[PDB]
Every structure is written in C-alpha cells, then in structure tokens.
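**Q** Between the sequences and the hints, there should be enough to build the whole structure, so can you do that?
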Amino acid sequence: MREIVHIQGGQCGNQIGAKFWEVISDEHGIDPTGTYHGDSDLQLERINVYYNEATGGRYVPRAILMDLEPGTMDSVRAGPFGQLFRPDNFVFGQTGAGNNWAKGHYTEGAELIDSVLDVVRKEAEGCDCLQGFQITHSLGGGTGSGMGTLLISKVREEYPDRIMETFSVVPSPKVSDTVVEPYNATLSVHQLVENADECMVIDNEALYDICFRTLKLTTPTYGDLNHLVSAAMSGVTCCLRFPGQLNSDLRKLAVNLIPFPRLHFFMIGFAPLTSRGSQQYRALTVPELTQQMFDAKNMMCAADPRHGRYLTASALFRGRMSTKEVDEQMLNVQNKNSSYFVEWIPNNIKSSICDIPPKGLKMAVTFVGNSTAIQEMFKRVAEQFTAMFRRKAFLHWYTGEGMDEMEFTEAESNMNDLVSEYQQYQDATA
Amino acid sequence: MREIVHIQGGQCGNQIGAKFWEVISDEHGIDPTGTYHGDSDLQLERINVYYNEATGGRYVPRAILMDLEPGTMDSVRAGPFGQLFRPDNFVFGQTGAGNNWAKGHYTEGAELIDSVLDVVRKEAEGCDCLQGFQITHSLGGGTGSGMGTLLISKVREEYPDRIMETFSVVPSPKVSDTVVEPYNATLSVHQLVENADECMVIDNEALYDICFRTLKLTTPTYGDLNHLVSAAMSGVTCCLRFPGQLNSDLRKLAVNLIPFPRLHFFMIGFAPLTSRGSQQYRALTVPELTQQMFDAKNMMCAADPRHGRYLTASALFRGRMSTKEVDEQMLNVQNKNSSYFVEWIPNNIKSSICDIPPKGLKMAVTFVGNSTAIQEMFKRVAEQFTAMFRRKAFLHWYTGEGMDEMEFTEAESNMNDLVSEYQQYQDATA
Amino acid sequence: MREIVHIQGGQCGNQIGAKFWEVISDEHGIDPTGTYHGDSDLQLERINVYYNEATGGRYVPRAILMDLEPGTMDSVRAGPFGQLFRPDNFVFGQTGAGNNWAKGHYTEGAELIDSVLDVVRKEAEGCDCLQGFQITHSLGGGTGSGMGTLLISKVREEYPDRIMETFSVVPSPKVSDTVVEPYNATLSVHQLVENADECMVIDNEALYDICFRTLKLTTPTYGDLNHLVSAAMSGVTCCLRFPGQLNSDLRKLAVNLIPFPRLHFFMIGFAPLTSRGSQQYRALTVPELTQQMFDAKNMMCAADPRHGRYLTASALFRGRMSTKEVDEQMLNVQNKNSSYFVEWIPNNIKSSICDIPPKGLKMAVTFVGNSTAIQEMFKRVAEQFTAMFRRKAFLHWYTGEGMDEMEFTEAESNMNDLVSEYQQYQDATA
Amino acid sequence: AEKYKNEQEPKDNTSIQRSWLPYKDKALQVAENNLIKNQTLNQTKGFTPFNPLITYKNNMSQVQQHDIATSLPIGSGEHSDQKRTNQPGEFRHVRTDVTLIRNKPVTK
Amino acid sequence: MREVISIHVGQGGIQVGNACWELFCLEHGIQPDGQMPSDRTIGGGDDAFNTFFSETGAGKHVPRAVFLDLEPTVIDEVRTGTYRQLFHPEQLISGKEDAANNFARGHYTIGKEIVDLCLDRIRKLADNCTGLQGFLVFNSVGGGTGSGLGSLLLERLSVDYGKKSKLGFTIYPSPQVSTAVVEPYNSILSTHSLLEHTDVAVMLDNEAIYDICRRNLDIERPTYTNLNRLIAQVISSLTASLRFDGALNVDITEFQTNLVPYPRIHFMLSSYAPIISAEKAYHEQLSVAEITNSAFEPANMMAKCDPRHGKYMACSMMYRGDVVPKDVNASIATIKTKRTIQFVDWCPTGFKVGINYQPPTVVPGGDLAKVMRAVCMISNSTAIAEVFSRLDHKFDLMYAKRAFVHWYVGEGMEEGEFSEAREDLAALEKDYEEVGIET
Amino acid sequence: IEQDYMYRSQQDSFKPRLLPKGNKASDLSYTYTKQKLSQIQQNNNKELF
Ligand SMILES: Nc1nc2c(ncn2[C@@H]2O[C@H](COP(=O)(O)OP(=O)(O)OP(=O)(O)O)[C@@H](O)[C@H]2O)c(=O)[nH]1
Ligand SMILES: Nc1nc2c(ncn2[C@@H]2O[C@H](COP(=O)(O)OP(=O)(O)O)[C@@H](O)[C@H]2O)c(=O)[nH]1
Ligand SMILES: Nc1nc2c(ncn2[C@@H]2O[C@H](COP(=O)(O)OP(=O)(O)O)[C@@H](O)[C@H]2O)c(=O)[nH]1
Ligand SMILES: Nc1nc2c(ncn2[C@@H]2O[C@H](COP(=O)(O)OP(=O)(O)O)[C@@H](O)[C@H]2O)c(=O)[nH]1
Ligand SMILES: [Mg+2]
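Just so you know, the sequences run in chain order KL, JL, NL, 0B, KI and 5G.
Counting from 1, one number per residue, gives the positions in the first sequence under the entry's author numbering.
Counting from 1, one number per residue, gives the positions in the second sequence under the entry's author numbering.
Counting from 1, one number per residue, gives the positions in the third sequence under the entry's author numbering.
Counting from 221, one number per residue, gives the positions in the fourth sequence under the entry's author numbering.
Counting from 1, one number per residue, gives the positions in the fifth sequence under the entry's author numbering.
Counting from 150, one number per residue, gives the positions in the sixth sequence under the entry's author numbering.
These aren't lab readings, by the way, just hints derived from the structure by calculation.
There's no promise every hint is true.
Label-pair ranges, simulated between beta-carbon atoms [to be verified]:
{"id": "1", "chain 1": "NL", "residue 1": "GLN384", "chain 2": "KL", "residue 2": "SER420", "range": "55 to 61 Å"}
{"id": "2", "chain 1": "JL", "residue 1": "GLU421", "chain 2": "NL", "residue 2": "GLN426", "range": "56 to 62 Å"}
{"id": "3", "chain 1": "KL", "residue 1": "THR33", "chain 2": "0B", "residue 2": "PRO325", "range": "27 to 33 Å"}
{"id": "4", "chain 1": "NL", "residue 1": "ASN347", "chain 2": "KL", "residue 2": "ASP304", "range": "22 to 28 Å"}
{"id": "5", "chain 1": "KL", "residue 1": "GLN83", "chain 2": "KI", "residue 2": "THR73", "range": "45 to 51 Å"}
{"id": "6", "chain 1": "JL", "residue 1": "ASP417", "chain 2": "NL", "residue 2": "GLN426", "range": "54 to 60 Å"}
{"id": "7", "chain 1": "NL", "residue 1": "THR33", "chain 2": "KL", "residue 2": "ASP404", "range": "37 to 43 Å"}
{"id": "8", "chain 1": "KI", "residue 1": "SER178", "chain 2": "0B", "residue 2": "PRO325", "range": "54 to 60 Å"}
{"id": "9", "chain 1": "KL", "residue 1": "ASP304", "chain 2": "NL", "residue 2": "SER420", "range": "56 to 62 Å"}
Here a beta-carbon is modelled for each residue, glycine too, at the ideal position from N, C-alpha and C.
**A** As structure tokens, then:
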C-alpha cells in the first residue's frame, strides 16, 4: 500500500533518523518494546507505510542503517527506542571515511555498497507496491557525503520511476566545523542534482537561530535541533498515513513544485513555535499559523526568501479546521506580497488538509517552498571552493584515490550553471 | 470593533500604563490570572476593545511596553497585575538614555525602534477594525520624550487616518527633578504639534496640589497621582465600551473640540473627588458635579483656567440620571460665566451620557477643555530655555551626538509661534 | 547641434575631468579604445553633444587639458580611459605656478594663453551651433584659479551671448590645504562674478560628510569624491541628451534661477544615495526622493540652507514617473516650510522630468538651488583675508609681480559689496 | 512606584491613606494574598531565606513546567535533565551487541 | 578494536613515557602492579582500555609500547621503580654503551644490533593488534642515541609497514638555553631524517614549558617531572577521542586529513589551556570563551615561537569536559573577528572542532588544578620557520671552522652528509616562505 | 576596428536560444516508461517455437 523505506548514513544522518523514528513511534502509539498501545483505530490502519510485521504482533521499521565506522551505531542501539531496529539492517565498516569524499566514494564506498544495496533490494522487493525512497545525510561529512551519494546513483539505476527524497544538511560558513568542507560539499551537490527528485536543504545555522530567537531556550543541544527536523519530516507525508479533506502524496507535491526538472531544491519550515514562558499568551488559529509560516526567520535554511522570488510553494495543514479560511488565507498572502511571487505562474500555492494533528497538539503546518533565493547558498560555497582550489590546497588527499582535477573542474561548471539557471528564471517577465 | 491599542514608554509612562491597566481590569472584573470573574453580562460585550483572547479563555491586554533600560519593566513584571502583559511585548535596550533627547531619538532610539515598530504593526494588523492609538509618556525625560515621539512620527506616517491621543507629563518649575528639562521638553513640544491629534497635558504639581486640598490626605505618594490619571483615562472612553443614551467615540471629541488644525492641546479633570472624612456627608447630584467640574482648582494643569477663555469643552457623564438636568446645568453655567467663553461660537459645551458609573460610585464626570490658558504652561518652559541656551549650558551633550544647535533654534521658534497663534483668539473679537 | 565643449584647468580640474569622462562614457557606452558598446539606438541620437566623429567610426571627447606642470597629464593619460583624448588638446607649461595667483595670471599665463585660445577657437568653430562652455577648476590653487579666471574673462568677449558655466571647488577653513587660500580665492571671485554666467560652489568638507554619514564607508579617497561631483555634474545636462516630459537645457535653468545678474552662485546635491550594504527592499519613490533632496545634510556645501531663505529651487528628475505627484510634492514642501522660502516669488520651485534614469537605478534626481545661505562662505573668507591683508605678509610676492595693493582693496570692497547686496534681498519684504 | 509599608500607625499604612477612593483598590489585597501564599509555599518546600522577599519573585509566576499544545513538546532542553558525576572512566564506550563480532567470517 | 603503539627512544623519550603511562594507568583505573582492583569489573563490551592496554591471559594488563636506549641507567631505574611489575620484561630493550652525543654512533655503528630486536618486538606487538591506527614516537632530537635510533627506526618502519600513520612528539633544542654543545649537528641530521619519513611532527621546546610553568603555576623551580606531566596531559587530550564518548569525535586519520595542506609541510606547534594551580583555581570562572582566548596567546605555545610573525594554515582544537557547540561556535566567531591573529588567504575556514565528554583527570602529587573544562591546540603556522632558521645559524658558525667533525667522520659518515643536510634544510625553509604569500 | 565591428556584430546577432531541455533523471524515467509501454506488444506478438 505505497509504503516507503528509510535510508540514512553518516553520523548526522544517523542521529536525525534516530529521533525521527522516535517521533513516529509516539505518533502511532508504539512503545519502545515494539507493542501497540494506542487509543484509536486510525493509528493502526495505515501502519504498513513504515512498520513491517513480526511474530507476536510487534512492528519493525523498514530502516537501513549505514556508516563506515562502528562508533555511531553503538550509540543508536543504546539510546531510547533503539530496540526497535533490526540487527541485520546494520551494515558497518571498520576503517571510516576520514572526511574525504574520495575515500568514501571510490575506495571504501565501492567495496561496501554491495552489502548495503542487497539489503535495499531485499527490503524494497518485499513490499507489495513501493512508493519511493527518502534519505537523510550530511553534505559536510565523509561517509554521509561520499558513499551516501554513491547509493543514490545505484538506486536510481535499478528503480527508475520511484520518488527519491533527500533531507540534506549543507554546511554554512558561520558555524563551520571542518576545513575541507567546501571540497566534499561541491562534489556532492553536483551528484545530487543528477538523480534526486526532491532536495530539502537544512542548515545548522538556521536551526540554532530558531532556538535562541523563537523558543528562547538558553542551552540548545543537537537533540533539540534533531527534533525540529524530525517534526518537519513527518509533516510532509502526514496525509499519506491519515485521512483528510484533501489528499496529497510525495508524487503529488513533486508535480506542483517542480516547474523544471533541474530546479528541485526546497526550503522547509514548521509552525507553530513558542517559548515555554510565552505559550499561555498565544491563541492558535489559522491566521496565526499562516502568519508564522511565511516569516523569513522561521525557515530551516540560511537563505533569506525575501531576497528572491518564490516559484512555487506548498502548505500542509494538520487537525480539524474549515476549508474556507484555509483557501482565503492563502489568497490573502498572495495578494499582499505580489512582489515576492513571480508573475508568469498565477496561483502558485498549494493547500492540503489532514484531519489528524500531531500528538499533543491541535493545529500544525508544514511548509515546502521552491525559491530562487536558495542560489546564494551555492554562491558562497563556491566562493570558498575557488579560493582553496586556486592554490590546490589539500588536493593530495583527493588525488590519492585516482580522482583527477577534471572532476573538480566539471563540478565547478555544473554548480555554476545551476546557479546561473536560477537567476535567469527570476529575471524573466511575460 | 473600533478597538484601540496602547503604547507606553519611559518610567512615568510605564507607571501610568500599569495603574491604568489595573483600573481597567478592576472595571471589567478580570483577576490577575486573566480569568473573567464578573457578575453582569455587560462586562463581556465589549471586552475586545481593550483585551484579546488566547488558549484557555484568558484575556491578554494589547499593550506595548518599550524602554532603553530594563530597570522599570522588571519592576512592573514583578508587581501585581504584571502577568497580564504578554512577555513578547516587552522590548528594551541595555544602555539607557540618561536624560538626553538625542540618545533616545537619534542613535539608540533609531536602532531599537525597528522591533517595537514591528510589534505595533503586528498588533494593529491583528485587530479587526482599528480606531486609534493612545500614548502615555513623559516630555521631560530622556527615553520617553525622544523615543516616544520618534515612534509617534513613524506610526502617524504609517497610519494616516486613525485618530491619535497622548497623555503627556510635562515638567513644571515648582516640582523639578532634573536640570535639563527645558531642552528635550521644547524639542518634543515642537515634534508633537504636527502629529498628535489630541494631547492631554498633565503636571505633577497640579496633582499634588489637588491631593493636598481636596483629598486632604497627609502622606500621598506617586501611586495616588498614577491612579487619578488612570481614572481620568478610563473615564475618557466609557461610552465606547458601555451602553448609553448619547454614545460618543474618540472622533466625536475631536470634531467638537478642534476648530483649527493646530489647536489640539487640552486639559482634563475628574469628579467627584471627596475627602476621607466627608465621604458619607456629601450628596451626589448633577449641580454638585458640574460645580466641582468647573471649579478652577480641579484641573490637572498648573495653568489657571481663569486667566483665559474656553474655546470648546466636553463633559462625559456616567451612570443613570436625567438628560434635562445635565443640559440645564450646562446652559446655566455657560450663561453665568459668559465672560469666560469666547463669544463668536455659540453653545461651545458638549455633553455625553453613559449608562455605567465606575465601580462603587453612583455618578462620575470626566471633563476635557480647550482653553487659551495653556499659553502659560509653554511660556514658562520657554523662559527657562532661552535663559539657559544663551550661555550654551549642557549643550555639548546634545551636540556630541550629531545634533546641531540649528535644531534648538528652530524648535524654540516654533513654540513661540504656537503660543502667539493660540493666544491671538483671546484678544480677537468677531 | 547645440553642442558644448569641455575645458578643465589645474590639478583639481583634471582629476574631476578624468572621472567625469569615465562616467559619461559608461552612460553612453564607449569603451576605453573609443568604440561603441551600448545596446539601444538612443545612445547615438545625441552623441554629438560631447563627441566628434573620427575616421573609422571612433568617437572622441571635446576636452582641452591645461596646466603648468606635466605631472598631471602624464598621470591622467596613463590611467584608464585616457586614450580617448586627442594629444593635440594637451597643453601645459614647463615651469609651474607655485600656488601663485599672480604667477598664473600675469607673468606665466600671458605667453601660454596663445596656445589654448587657438585650440579652443578651433573646437568652437568646428561645431555647427555652439551652446555653451563648461569648466572645472578650484579657487584654492594658483594655476587652476589664476589662468582660469583669465580664461573666462577673454573668451567671454569673443562670445558675449553664449552661456558660460563653471564648477568651483571653493576652499574651506576647517579643512585647509594652503596658507594663502584667502588671497587667491578673493581675487578669483572678483574676476569670476562679472564674467561667468553660472557658477557652482563645491565644498570638500561636505564631501567628507556625505561619504562618512550617508555612504557609511570607512576610508574615502579622492577618487570617491570625484565620483560624487561627476554624478551631480552629469545629471544637469540629462535632458539635453535624452527625451523627457519637460526637457530643460542649460539656458532654461539659467533664466529661471537667477533673479538678478550678480547673483549666480549655486549649491547642488544628488539623490538617492544609499549605503554600501543596501538591502533589497521597496523602491525609491518620489515622497522619499524629495525628502532626501531638501535635507540640509545632503547639500554639498558648507553653507547651511536653514540659515537663510531660498530664492528659488530646481529639480532634475530621472526616470518614468507621473508629473502630478512631482508637481504636488513641491507645493507640499513649499507650504510646510514656508519660512525658508522668500515670499516675493510665488511658486519659486521649478521641476523637470527626464525619461532615461541613470544606469542601474530606477529613479534619481538632481537639485540646483539658489539660497541666501551662501553669504556665510563669502563672509568667512573675507574675515580671513582681511586678517591676512592687514599683516601685509605673503603680499610682496604678489606685489613684486606687476600689481600693488590697489587691486586687493578694490577686490575686497567689491566682495564686501556683493555680500551687502546679497543680504538686502534676504531681509527684503513685499 | 511606591514602598508598600503596613504598620499600626495610620499615617504610613497605605490602605488607611489610600481609602479616599470610590472603591476598594485591587492592589493591596492582592499583595497581601500573594504574601500569604508565598509564605505557605515556602513552608511547603522549606526555605527560611532570612526574609520572605527573596523567594517572592519566583513563587508568583504561572509558567507551567510542560507545554500546552502551542509548540513542539521538546521540553525545557536536554541539558536541563542531565546529571554529572566526575569519576575517572565515567564516559567510556560500551560496544553494544550489534558491533561485537568475534569469529571474522572468511568466505563471501 | 582500535589500537595505537607508542615508541620511546632516548632518555627524554623514556622520561616522557613514564609520565604519559602513569597518567594512562590512572585514567583507566589500572593499579601500578597491573591488575584492575575494582573487583566489580565485568565482561561484554566494556573493553574501552584496548586502545592502550591488552589482556594478559591471566590477570594483569600489558601496555602496547617499547622502550629503547643504549644506556642502561634509566631502563634499570624503571625496572627498579614501583612500575616494575607492569611492563613486559622483554619489551624494554637496553644497550651496553651510550652513543655519547654522537649522531654517527647511533646511526651507523652500534644501532644496527638493536634495530633488529626493536623491529622483532614491534612486529610481535603489531600482530596482536587488529585495528592498529598508527604509531606515536617520542625522542629527544638533541641527543646521540635518540636521534640515531629514531632516524634508523623511522626509515625501517617506513618500508616495513608503509601506509600506517606516524606521529612524532620530538624535542628540538631551545634557541639559547641548552645542555649539550654539539646539538646543532645531530639536530639538523635528524631534521633531514624526519622530514621525509614522518606524517605529523610537533614542536616541544623546553624553555617555553619552563615559562608556562613559572607564569601560571607560580613555581619558581620547575624540573623535568613537571614538563613530562604537561606533555602527558597534552597526549591524553589528543588521544581522548578514541576511547571516550563525545558529541564531535576525531581520529588519527581525522587529524592529518584536516591539518596538513601539502605533504612537505607538516611541522606544527601545540598549546594547552587552562594551566592553573589550586590557589588560583577558586577565583576564576574558567569559561569556554576565556580558555579558548588564553589558548591563542603567544606565551602559551609549547615551542619558543611567536605566531604573530606569520600566518596560520589550519587549527585543530579538542575540547573535553562539559562544553557546548553553541559556546564553542561563538568563541570561534570572536577569534575570527580578532585582527591580531590572521590567516592565509586561501584558507577561508580553518577550524576543526572535536568535543569529548570526559573531563581531564588529575594525578595525585601533581601540579595542575582539578578542573572540568580543558582545550588543546594543534596549530600549523608559517611562523615555524624561525626555529629552523636559528638552528641553521648555529650550525654554520661551527661548520665554517669544521669543529668536532673528526669524530663524525671517524665513524664512517662521509663529509658531504653535512652539505646535503644543509641544502635540504634550506630547501625546506624556502617552501615555508612561498606558501604564505598571496595570490 | 572594422573587422572588430564585423566580428562583434556577427557574434552579437546570436543570443535568443534557451529551449529548456534538462533531462538526466527525468529522461531516465521517460525512457523506462516508453519501453514498458511499447515492448509489451512486442512481447505478446512473439511467435512460439
Ligand atoms: N623535556 C624533557 N627533555 C629531556 C628530558 N630528558 C632528557 N631531555 C632532553 O635530552 C637532551 C639530552 O639528551 P639525553 O636525553 O640526555 O640523552 P639521549 O637523547 O638519549 O642521547 P644520549 O646522550 O646519547 O644518551 C637534553 O637536551 C634534554 O632536552 C626530559 O625528561 N624532559
Ligand atoms: N543538525 C545536525 N547536525 C549534525 C548532527 N550531528 C552532526 N552534525 C553536523 O555534521 C557535521 C559532521 O558530519 P560528519 O559526522 O563528519 O559526517 P560523516 O563523516 O559522513 O559521518 C558537523 O559539522 C555537525 O555540525 C545532528 O545530530 N544534527
Ligand atoms: N505621575 C508620575 N510621575 C512620575 C513617576 N515616575 C516618574 N515620574 C515623573 O517623570 C519625570 C522623570 O522622567 P523619566 O522617567 O526619567 O523620563 P525617561 O528617562 O525618558 O524615562 C519626573 O519629573 C517625575 O515627575 C510616577 O510613577 N508617576
Ligand atoms: N574634490 C577634489 N578636490 C581636490 C582634488 N585635488 C585637490 N583638491 C582640493 O584643491 C585644493 C588644492 O588645489 P590645487 O591642487 O593647488 O589646485 P591647482 O593649483 O590648480 O593645482 C585642496 O584644498 C584640495 O582640497 C581632487 O582630486 N578632488
Ligand atoms: Mg642515553
């Protein structure tokens, strides 16, 4: 019944997926031991989208766990909800990636991808009717970036018509934790546009910014940042698992958000968000949810969406509500901000309603937008890349695995052309 | 429905606003926790004028608090009824103004005013039908007189048609707390005439004088003056919140009180004020109320009403009475004091009636008057200003922050023209 | 047709001229080698106003560069865009003037003015119908001011009907470069008042103020100052080269601005001028465009316009804007600030509109206003000069070169006469 | 804006001085009730902090510990619910059963 | 599963090995005899100590290290001290005659009968380890047997193993305060030896640590034990990420991947913070921003060098304790804002941040105060050319008059070796100069 | 300068050609849909042996 498998790699990918399965399990009322303890039957009707079936009535997720070192999967197994993961699904190497794109994409990635791909093939064919793939990985790391994009190339070759979703984390110059990030970031972005149907950029600079400003919590931790990402992940596929006034799956959103096949980079946000000391003073209504949704500071990306023009946008609503206000509120925001929407695509906003809100809430909104302001991320990354590349700094590591400068050269041109393409469509009038 | 938003700045403004919100909460029967505990249904029909609604049925005032130093807002938060105000509406700096107009209007005021302007815009767009603004600030202070008037200019530019009020505490020579009062007082008086639609001028000296004669209490305190001003403020807008025979909103006051565009400086008063000893020995009737109303010592300004002539006046009765008696008393007083009213305008007194007296009172009257006696209040301020500015005393603090003495020269000139054009009608005859 | 030729004098003139010709060439699309690189047909409709046709289709400017030292020509020729000029127009002395107005006017000028008059007559007769001459120089130096004032003096008697405008960089005492600035400045004004049809005063002090405050750039250089002058200089003849709603050539401005023949000194300013880190928001509409125009800070002269009354004003708008709002704003500023305008010219502001905006900008405007505020700059120079003339120092070198104290006395008296007859109109009433 | 002083002498009792109002002001009774409530709350916990005013600041806030369905239930933060001893060898690795292999398989 | 092997050659190497190994035993709770005394120890996967120690089959744990020296005094002192029962009897290789401050003796004449035993023991240690990360080398450059055996052993290991990482914590002579007289000769010769055969080299000059101890710990008469303890703390901070849980962890292949731009340039200097005594430990907040700010001060460098005279190329920073990523990010933002510290143009970002949860441990009888935060620095900078320049200046003064060279030539070494060493050191100095220029 | 004119004019005379036809993952999915839609007929008309 159009289920989707989960794939995650690297340290950043593993931690995001470690909390995503925690939120979903709470959403469907699955205890850490694997037993259903819900209240309503709607929680159990469409459980097959994520969970398989085992003896004794326990449910097991169809998640695949990959990394080139055993250190990370020791932590995910010891954490909460860690007994819900298949011991056979774990596939690990004993060497690591060393923050090197070449090492994780040519030498160890090639010699390990055979084992993980067999798990993917067995997991995918077991289901009656597949729906697509979703991947969580980081573009600043070694094994998340290198072998992670190698699997994407292999999967797209064997499963052509399926939908490929990627919750990607690119590095920002402000909060930097690696000197060699521009190399393995640009090389992955060139590969990402090759095959991925949908790309959803995430920045730690933006996620930190929300915690200091919006939630007003003094000491944020990676566990707090993972919760915001996991909340948005379940939102985009909310209506695929529950009834609603209007239905929308992953394929439907791709149709209404991709004017051209190469323009498949989205920026996402979630509402509502309020600090603990300010929750009692806020009234939750459809006007309030949509007011926070378009706010620039609410995005999970470092790009400012008011520096460019939206091409397409989408909004998914959770909980019971009236279709009259939902229709008119999207109408009002389009009329008041006609300068921020390009003029050759009238009615460039999508609405969807699911009647089951997230656990512990009454109304929730997930936003996915295609904007031409995302290009300033690739501009600043390529700005740092060319500064290092003109002096051939750190290049002896990459050349040591057979990769030549031609791959570096063609990564520059393809990245520049993608940036040049976004600007041209923003600079277009009827 | 024709609701108003409240803006307060500076220490004096914050104290007046806190006391006023206490009085309004008492009138509407709202406990410090924001839960309605009234007895009559009339207390909820128009609650939206001053209060919003949130989750759990608690009501939040739509008030905005701004300052440059966190000293006073930390006190109002910890004081009683301090939990009503929304924590997001507290905007403050960290440096303070130090009784310098430039520090609160050019450098520190400008950098901080963006956030408070955004909050004001959000609150104004949230409400259904905006009716106007009311401001409480002090003209003799640093952050108040400067930042409040900068915000006044900004909001008047942004909303051109909405009516606007100010309750300004202008310094007086008899009770002096600062040596640099004339400078920023003159500057703010210059900046107010072009933007403020209605000004309610107040002195601390007049309030002390009232407390020492009429109230006859040995040891008054700043709380008493605060509560008198709050009672007057609440009495201004009684008919817009409660039913009556002659409903009169804020625009009806301006039309009946402003003959010429630049004549909008009023002096207010309240009745009845009774000593503690003679509380039960005094009868409450319309003639007594109007006699105390037009007693010259009941005004909240140091200017003597008997040194000039009234242009127009307005009285706002509250409680149950007879329309004939009120009109007869107004006619009688206007006929017996014919020399005190300018002759070329007939019947220059307006009366309005509301059906709800204050809490624990039978009848109450709020009096607002436009009289030429305001010339003396500005005359004495300008007298100090020139005698101090001729020697250029304390002027390097102002000129050390981008301001030129040409601004002082122009500000002094505009005040003199205002006084002359205001007093020309005291001598002009038809 | 109705062509004007450019002649620049002194070190200051060549620096200003070097940037001005780079500015104009960019507007009309001429490369460093003199070949067209524009995109529209209108770039050649009136290209003959400043250029000549050369064999092969190349365009060359009508600039005559004169000086007493070759150190300026060999520096401006070797710079970029220096190949456009014809070498035959390069005329320079071999000895230098040494900041000596007498040397630049009596002993060394007399033998070299034979060459400049030959070339300037050739250029003047080459055009079909001459319109006027424009000159850039400074009154603080010797060669720029000395042979300068002499040059206008004689070319005037050959062309008593053609208009003559000059841009004057008058020195300021707060930021002074030469000890003998009062001497050569007073003499230059005497020879310039009775010869030039139009004169514009430029203060280098104000140029620092604009760059420091509005531009908010840390380190300005002489190049940036030259760019500020050229931008205002170019906009004066904007409608002379491009069509517009109300085109107004130089003669039109000359008639409308000077009420009397001896009052032809102007102050100029430019708008809009934004900071380097200008965020992408809104657009520069007329209400904010005209607000920055009349700001006293935006003026490029040390004379504060609020110290006197405006005799008249003129605005040169660039862009596609409606005439109605342009007209009514000028009525708005006149009514609001009637104190700064002389009452005996009703509607004393002239407006012009040009359809071609400056490159890379939506709407721009240039201000040329004649106000009684310039008497301060004359008064302050006279005080310095009379202090430096009683001492009889630095005079024997002026005296020991063909002249005596009679010229200085008549120059001071005439300059005093100018100020006296300039203040009478300020205090005159109708 | 005033020093709340209550004593037997009427000239400095505030309530005796501010009785000229047409009604009973809702600031003095609220303050007294707050003082009594803070005293009782301190007795429940036990603070005796040398004066009742020290704990009065944070005994009046209505901030609930948990969320009220207007934001994501992430709590007050991971760092809030963390305890720290400092014995040597406290944070050593555990090597759970998933990665603890023994026999090193030889064939493929 | 992951292991490292420590190699100690020379008296300085052994006297640093003593301190680092006592610190490791105290960190992992191993008593001096060799057995864990807790008696609550269990099996399963609690084998966090396998990085340094190894099960002995019955009881104790044997460290993965060897000691080399041609002079038996220090090794006999180790065999007599309280750590007698810990080390394996056979893995303490000792000679008969000292090298006597001569590079030729320890590299051509008497090192050949010890190098074979050393390789045999290293192989017998390496076959035991299954996840061998790499090697650590401790030696004193300004000493005969130290430099000679270090050179020969590095050359042999480069061909015996190859791709395994090699890290060297060597001790160059101080610019003006030194003990020996002929240390420039063997210093430059060992510089050539380690230029093309090591992966990462760390500067460990002595008067720098002397000044650090005098300024911070208020000790007017420091000795070698304090220096060894500080170096042991540095080593533990560097290696902590292998065996303790942390938010952001690094490895040996993590360090050199993000720290050396070119194969030739791998010389770098270290720093530590905070260094404080018990008396001053009370009255300081010891915030992360404060300790990171103190870490970049020129007076805290472990080598007598001033980074203000050159540009940086990379910075690897390791935190341990209870630090947080947002605070460390703010600290790096402030450091980047500061103008006194400047980087090279072709390195826009230059910070690698590792965070470890384990707070530093304290040795009873030590000097460092017991703290809950610490930061270690491994910075590669262009300003390191000064130390090579000063050694070159000293060498020429004696080589012009050919002092002491008869002893070097009577042991079989040809005269041209000095010329080759000088040429190659000059070539190295030029490379460091051309790297730091702008494009 | 005249050959500069000619070269620049002829190189400028070529500008407006966009034809958006980016197809890397879309084309791979496209050629699969066409194959399965067309090769079923070729499968079902095959002659038995
Ligand atoms: N920092 C530090 N340096 C030491 C220590 N012990 C010896 N050294 C250094 O070693 C140098 C002298 O060489 P030694 O270590 O005594 O002997 P060697 O290096 O083994 O060479 P031989 O003299 O032939 O035995 C001195 O200059 C010291 O710098 C120590 O405990 N700490
Ligand atoms: N948002 C988020 N970012 C993370 C998390 N864990 C690590 N990162 C980021 O990932 C980067 C390091 O990635 P890395 O672990 O080297 O990727 P890998 O080598 O492919 O496993 C760091 O800069 C972190 O900012 C997480 O749980 N959430
Ligand atoms: N009625 C009343 N007036 C006050 C109060 N507090 C201060 N003032 C007056 O405000 C003046 C000082 O203004 P200030 O608060 O310093 O202005 P600011 O610095 O801009 O906030 C004094 O002259 C007081 O008379 C108060 O609680 N009630
Ligand atoms: N705006 C501007 N002013 C200049 C420039 N060069 C010199 N000046 C001013 O001109 C004055 C000196 O003029 P000077 O060079 O002696 O003129 P000259 O005698 O013709 O060479 C100084 O006070 C400077 O402020 C320039 O490039 N731009
Ligand atoms: Mg020895």
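**Q** For each hint given before, does the structure comply? Return the numbers of the non-compliant ones in rising order.
**A** 2, 4, 5, 6
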